[PDB]
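K.L.:
Knowing the structure of chain K, use the given hints to seat chains I, M and O on it.
Protein chains: 4
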Amino acid sequence: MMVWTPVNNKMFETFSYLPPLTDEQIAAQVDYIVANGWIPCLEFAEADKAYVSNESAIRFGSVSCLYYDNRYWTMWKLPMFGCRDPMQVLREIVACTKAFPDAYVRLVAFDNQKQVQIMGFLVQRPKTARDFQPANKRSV
Amino acid sequence: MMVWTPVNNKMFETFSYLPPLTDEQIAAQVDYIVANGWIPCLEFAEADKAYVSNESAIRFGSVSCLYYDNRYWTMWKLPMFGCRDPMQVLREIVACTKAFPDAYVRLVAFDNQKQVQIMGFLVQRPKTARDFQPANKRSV
Amino acid sequence: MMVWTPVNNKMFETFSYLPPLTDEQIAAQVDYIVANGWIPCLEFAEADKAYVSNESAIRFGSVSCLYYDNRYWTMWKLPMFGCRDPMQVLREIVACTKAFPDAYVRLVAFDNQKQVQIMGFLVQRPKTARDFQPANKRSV
Amino acid sequence: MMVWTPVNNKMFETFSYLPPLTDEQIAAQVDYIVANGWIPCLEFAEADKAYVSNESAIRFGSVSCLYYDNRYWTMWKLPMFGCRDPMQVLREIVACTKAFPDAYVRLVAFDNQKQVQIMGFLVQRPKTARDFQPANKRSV
Numbered sequence: 001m002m003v004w005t006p007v008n009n010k011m012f013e014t015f016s017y018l019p020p021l022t023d024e025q026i027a028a029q030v031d032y033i034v035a036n037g038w039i040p041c042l043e044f045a046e047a048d049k050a051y052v053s054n055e056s057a058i059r060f061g062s063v064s065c066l067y068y069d070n071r072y073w074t075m076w077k078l079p080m081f082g083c084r085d086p087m088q089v090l091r092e093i094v095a096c097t098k099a100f101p102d103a104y105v106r107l108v109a110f111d112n113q114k115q116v117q118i119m120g121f122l123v124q125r126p127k128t129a130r131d132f133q134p135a136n137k138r139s140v
Numbered sequence: 001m002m003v004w005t006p007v008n009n010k011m012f013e014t015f016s017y018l019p020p021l022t023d024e025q026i027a028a029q030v031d032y033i034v035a036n037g038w039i040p041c042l043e044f045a046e047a048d049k050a051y052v053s054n055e056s057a058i059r060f061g062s063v064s065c066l067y068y069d070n071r072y073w074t075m076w077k078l079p080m081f082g083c084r085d086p087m088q089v090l091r092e093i094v095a096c097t098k099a100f101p102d103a104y105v106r107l108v109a110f111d112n113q114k115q116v117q118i119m120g121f122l123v124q125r126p127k128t129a130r131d132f133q134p135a136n137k138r139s140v
Numbered sequence: 001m002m003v004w005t006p007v008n009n010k011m012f013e014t015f016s017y018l019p020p021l022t023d024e025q026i027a028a029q030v031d032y033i034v035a036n037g038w039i040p041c042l043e044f045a046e047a048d049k050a051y052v053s054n055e056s057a058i059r060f061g062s063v064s065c066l067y068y069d070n071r072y073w074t075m076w077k078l079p080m081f082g083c084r085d086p087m088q089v090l091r092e093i094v095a096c097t098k099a100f101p102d103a104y105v106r107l108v109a110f111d112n113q114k115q116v117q118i119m120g121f122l123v124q125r126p127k128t129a130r131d132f133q134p135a136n137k138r139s140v
Numbered sequence: 001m002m003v004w005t006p007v008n009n010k011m012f013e014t015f016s017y018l019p020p021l022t023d024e025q026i027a028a029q030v031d032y033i034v035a036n037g038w039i040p041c042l043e044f045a046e047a048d049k050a051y052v053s054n055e056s057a058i059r060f061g062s063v064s065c066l067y068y069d070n071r072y073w074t075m076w077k078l079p080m081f082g083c084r085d086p087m088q089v090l091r092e093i094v095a096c097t098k099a100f101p102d103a104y105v106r107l108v109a110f111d112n113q114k115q116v117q118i119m120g121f122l123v124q125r126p127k128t129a130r131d132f133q134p135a136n137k138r139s140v
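Which chain is which? The protein sequence lines are K, I, M and O, in order.
Going by the authors' numbering, the first residue of the first sequence is number 1, and it counts up by one from there.
Going by the authors' numbering, the first residue of the second sequence is number 1, and it counts up by one from there.
Going by the authors' numbering, the first residue of the third sequence is number 1, and it counts up by one from there.
Going by the authors' numbering, the first residue of the fourth sequence is number 1, and it counts up by one from there.
Keep in mind that a hint or two might mislead.
No distinction is drawn between identical chains; accordingly, a pair holds when it is met within one copy or between any pair of copies.
[As the list claims (entries may be wrong)] No more than 27 Å apart at the CA atoms, straight line, and that leaves these computed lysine-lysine pairs for DSSO-like:
(1) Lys10 x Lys114
(2) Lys77 x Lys49
(3) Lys77 x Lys137
(4) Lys98 x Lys114
(5) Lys114 x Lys77
(6) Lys127 x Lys114
(7) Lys77 x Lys98
(8) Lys114 x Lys137
It is worth saying that the hints were derived from the structure and are not from the lab.
Same shape as in the complex, but just chain K:
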């Protein structure tokens, strides 16, 4: 029996339970976005704004149900409307991560017919992050 560690084992939603994505694996996810005609977008946050929190609820009456701070991140430029070139998306990932090297950065895509985000995963975490485990150290 192995024990799943509760210490410094924070996750990041879709794909965070898998080995970290190689550049080839990221490119394949971008191909998927383009093949389906979805709108790519990049979002970023400083470490203190990265995970869901409750601080604003201090101002509330009994209305905190499904309210969390830090769900919104900051938009990198605009969503890439009409983009059908995967290389353009990859180039923006480089540009975003270069401008904000200490930020969490996630790649998302939107479906305008359902009007919802249809995909999303982390592409960068700051090198100073100490709150997550490598795959082989998630259980002990």
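P.N.:
Here is chains I, M and O on its own, set in the frame of chain K:
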């Protein structure tokens, strides 16, 4: 008259007002668990999750009565159902504390007829803990 | 496309989106106060009391609407009633910032007919402040 | 005009606006307690428990009116019932401050007919305290 210190004198429920348990005394408590047919289990927590706190109540209306965070700790493996060997329990204490050397670790036991925890006491505190007193320094 | 930074880019109300005021530009604003017969006043706050916060709302029922802590700063001496000399205002800025070199300091002016503050802008921030950007680093 | 400082200028109720009490002035206050037949008592607190705070109100509905944490301090021994000797009080101040050299310590006195604390003032603050001004630095 001696004065009971309010400073760095945190306790840990059952047996925390006695001298720290020797290995022989721990083994005697394990014998008691086995003699009574109770189910041994180990639980652990990092220092920040060890003592009762109130943080989640920020999300509440007027319903905090008997709500506290950090009552739940993390289960080490599973409760040792059908265990009738004290040495097996002692070996799991060693294994748990080895995997989590900086965690608080407590030994508990369950009664499945009453469906309640029937015993429990701390078996490890992190060496970095500064918030407790020696038995002879509890009063000044 | 340039991206407006969300990191360490705190503002300070009126004139914060312009290049920092030169001594000549500050003098011109003081002239404006005097030309209009308004009442100059200086206010200051330590860094922890400088920006709007919510901490007191822990004590509230559902009445936090338009309540914020840190809107009030500390008055430097008294408002300069009857002041008809711009140099006198400039001298008090020097005096205030000298007494509190590590404080935020703002110059304000009051209109007693409308009974409202009619102007205001920051004249000093502590040299240790790192939560703001110069104009050329506001977008990347 | 002198400006009353808002920074690190915390007070301590009765007598805190006067020059610090000399040993002769403390002895005089003790004579006053004894002359009036009041009951001397010492109380103390670590720095984090010294000033009124709000933390427990996170657990409340709309009932925080005249609730504050840190009004209660810790009793040194017991109130000195039947004490008619000032030297005995002075000896307990020495003993208390010796046992808790890093604590805030206050001398108080009770009237059992009104059933209320009838006097009180600080006799020790920790040497590490940096949140107070000497009398000559309270205004600038």
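K.L.:
Give a verdict on every hint.
P.N.:
Hints, verified against the model:
1. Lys10 x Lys114: Answer is neither; intra-copy 30 Å and inter-copy 36 Å both fail.
2. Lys77 x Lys49: Intra 19 Å, inter 33 Å, cutoff 27 Å: intra-copy only.
3. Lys77 x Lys137: between (36 Å within a copy, 16 Å between copies)
4. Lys98 x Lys114: neither (32 Å within a copy, 51 Å between copies)
5. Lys114 x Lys77: within (23 Å within a copy, 43 Å between copies)
6. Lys127 x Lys114: neither (36 Å within a copy, 50 Å between copies)
7. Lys77 x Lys98: within (14 Å within a copy, 43 Å between copies)
8. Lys114 x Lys137: neither (38 Å within a copy, 37 Å between copies)
Figure legend: structure checked against the earlier numbered hints; hints not met, in rising order: 1, 4, 6 and 8.
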